[PDB]
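This document starts with one chain, in the form deposited without the partner chain, laid out as C-alpha cells.
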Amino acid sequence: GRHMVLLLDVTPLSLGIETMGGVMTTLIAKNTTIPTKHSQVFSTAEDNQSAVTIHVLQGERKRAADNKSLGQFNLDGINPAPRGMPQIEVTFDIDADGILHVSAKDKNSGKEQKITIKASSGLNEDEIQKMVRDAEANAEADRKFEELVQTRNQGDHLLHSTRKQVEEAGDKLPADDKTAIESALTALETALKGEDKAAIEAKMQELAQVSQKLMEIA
C-alpha cells in the first residue's frame, strides 16, 4: 500500500541542447512524465571562452541540424579559465501545462540567462510522428555520426592539451622530441578530418606514446 504511480501527461519528443560537433545532447527524454526538471553541467571549448550559446532542440535525431530548434540564448561574462574548466549549469523545467523554461547559470560568475519556450515553436502532431519514424529509420547513421563526433572531440582536445604542454615546456623540450611530437600532432589532425573513428583512436594513441617526452620533463 505504498506504491508510486506515474502521471499521465508526458513529453512527446526528447528535449536538449546542441553540443560541440553539432550533436543533440538530450536533457529530458521522450516519454518523461510532466512536470519534470533536469539540470546538467557543460563547459567551454576554448581557453578563456567568454560566452556560450544554449540552443534548445526537440527531437530524436543525433545531428543537431536534424532536430527542431525551439529557441536559443547566450550566457556571457564567463571568467578566464582553461577550456573545459567553467561549469555552466543548464536547467530544463517543464511545468504541468507542458511549457518548457530553460535557464543557464555560470557556477563561478553567478551570471544567469533564461528563455520561455513557446508551444508553437515545437513540432506539430504530424511532424512528431514523422520525427519518430525518421529517427528509427536512421538509427545506425545517427549512432555512427555521434560516435565519430565524440571521437573527433576527444582528438581535438588532445591536440589542444598537447600543444599547450609543448608551449609550456619551451626550451626544456629537446628539438628532436618536439619534432616527433609535432609529427604525431599532424597525423592526428589528418585522422580527425576522416570518418574512421578507429583510425583517429589509433593516432591519438601514437600521439600519447610520443608525448612521453613531455612527461619525461615533468
Given for the second form:
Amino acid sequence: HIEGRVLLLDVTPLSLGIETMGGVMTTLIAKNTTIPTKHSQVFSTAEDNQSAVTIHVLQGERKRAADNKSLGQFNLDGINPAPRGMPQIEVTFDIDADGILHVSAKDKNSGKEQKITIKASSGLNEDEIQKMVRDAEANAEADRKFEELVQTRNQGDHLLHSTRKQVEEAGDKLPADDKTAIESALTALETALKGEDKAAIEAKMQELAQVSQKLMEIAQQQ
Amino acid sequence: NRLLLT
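Write the structure block of the form deposited with the partner chain bound for the protein whose form deposited without the partner chain appears above.
Shown next: the complete complex, the earlier chain at its head.
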C-alpha cells in the first residue's frame, strides 16, 4: 500500500464552443472546467428551408470566432425544409478522461447526427495558452463591444423575421394603416441593423413593436 | 437556440 499513482486532473484552460450567427463564438464548455465533462446546447437554423448547418469548433477567450483557435469543422445536412427555428440541432461537447473531445450535432426532430473527434495537444503548450489568454485580456473591451453589437443585431433580426411572418399570416385582415406603419418600421429596423449603433437598433425594435399591436391581436385570433 | 449558418 506504500506505492501508489499520483492523482492528476485535466482542466480546459480556454473556453470551448462553436461559431454562431454573426461570427461570434458561443461557449459550450467554460474555461477551467475539469475533465471528464459533458455539455450540450440546442441551436437551430438561421433561414427558412435551410438544409444544413456548419459546426465550427473553436477554443479560446475571444468573441470573434476568427480570433479563436479553430479545432475542427463539419456539416450536419439532410435537414428537411422547415421554418427557421424549427430544427433542433443539439450540439454536445463530451471530453472523456483521455482528453479526447467528442463533438456531436444531432437534429432531435429527425435523429440525424454527425460527429467529429478532436485529440488533445501533446504537452507542453504553455506559451500558446498564455498567448491566447493575453490576446483576450488585451482586447477585452473591443471584444465586448463586438459581442454586444452582434447580439443586438441578432435580436433585431429575430424581431424583424417574426414580425414579417406575422404580417404574412395576417394577410388582408391587417388594416392598411397598420400594414403601412409596420412595413415602414420593418424597413427602418432593417436599415439600423446594417449600422454599428446598438442604441439605434434598439430604438427601431421598439418603434416596430409599438406599431405591431393590432397585428399581434390578429395573429392571436388566427 | 442560437442560430447556425451553412
